[PDB]
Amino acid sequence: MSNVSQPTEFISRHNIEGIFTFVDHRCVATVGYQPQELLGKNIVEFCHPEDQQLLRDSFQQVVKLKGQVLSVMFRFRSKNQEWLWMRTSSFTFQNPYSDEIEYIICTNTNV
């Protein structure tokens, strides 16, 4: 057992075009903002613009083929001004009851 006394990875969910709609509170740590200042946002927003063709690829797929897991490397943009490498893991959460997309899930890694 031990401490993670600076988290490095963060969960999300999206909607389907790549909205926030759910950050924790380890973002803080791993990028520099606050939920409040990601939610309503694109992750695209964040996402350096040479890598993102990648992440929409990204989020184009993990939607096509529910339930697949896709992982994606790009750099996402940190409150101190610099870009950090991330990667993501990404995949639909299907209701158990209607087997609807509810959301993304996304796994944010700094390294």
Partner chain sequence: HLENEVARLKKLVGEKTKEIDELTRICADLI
The other form holds:
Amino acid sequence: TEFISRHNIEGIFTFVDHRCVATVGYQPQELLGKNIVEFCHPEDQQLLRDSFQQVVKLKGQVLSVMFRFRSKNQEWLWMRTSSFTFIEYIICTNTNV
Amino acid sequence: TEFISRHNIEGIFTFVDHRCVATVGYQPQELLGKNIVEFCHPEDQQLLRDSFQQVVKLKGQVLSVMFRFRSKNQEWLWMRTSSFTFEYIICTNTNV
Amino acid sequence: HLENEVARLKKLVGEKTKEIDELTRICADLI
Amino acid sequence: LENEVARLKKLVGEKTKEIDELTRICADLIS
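Let's compare: the form solved without the partner chain is above, so bring in the form solved in complex with the partner chain.
Complete assembly follows, chain above in first position.
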């Protein structure tokens, strides 16, 4: 019920594995090239941006933010993304609860 | 210019990526189920074997051993193996 | 004639899938 | 039936690109 995503500094999907379809319903092609914020609930959207602003200054540290994800079937999913940085790219582990 | 191998506790190949063919000449089917020592130079078998006994006591820490690997064409290749443990052992086998 | 193509391609896919499955496990592990 | 090999050649290309991306990642978070 989780998938490994790989973003840049702004949060654009640069890589998504095959397990997204099972976890959110979207296909890798449907996620690639778009920001994760676009899929984030507007109510807790700023929070996602705040978490992403932090992983950048905290080079190497691991962070954890939980937010709502818009599934493919237009339904909200609480997603726990535990992300960190490598700056080259950002690795995210998006877990479904 | 290297490939990631994944052994068990004793060092038998449990997983090899496609890059074995370019770096060593062997195919994934030809390595799996087989011990890594079998491809090692008799001179450096003791070293590689001792190095494998070490990665376990290091618990997560990374070791680096250099030995001769017998390629598909029956010639020795100096290999820089950067290995550590997680259950299983992951190796980054570099060709120099 | 072309059936031998689809057959070798279906197999090739199966191989690349098993590699993806193991590789994903490794990256999922080193976290 | 040509439409199979065409979609399989494509599917292979996608799965080939995925392991390269996966391998590059796993090779990185080892250092």
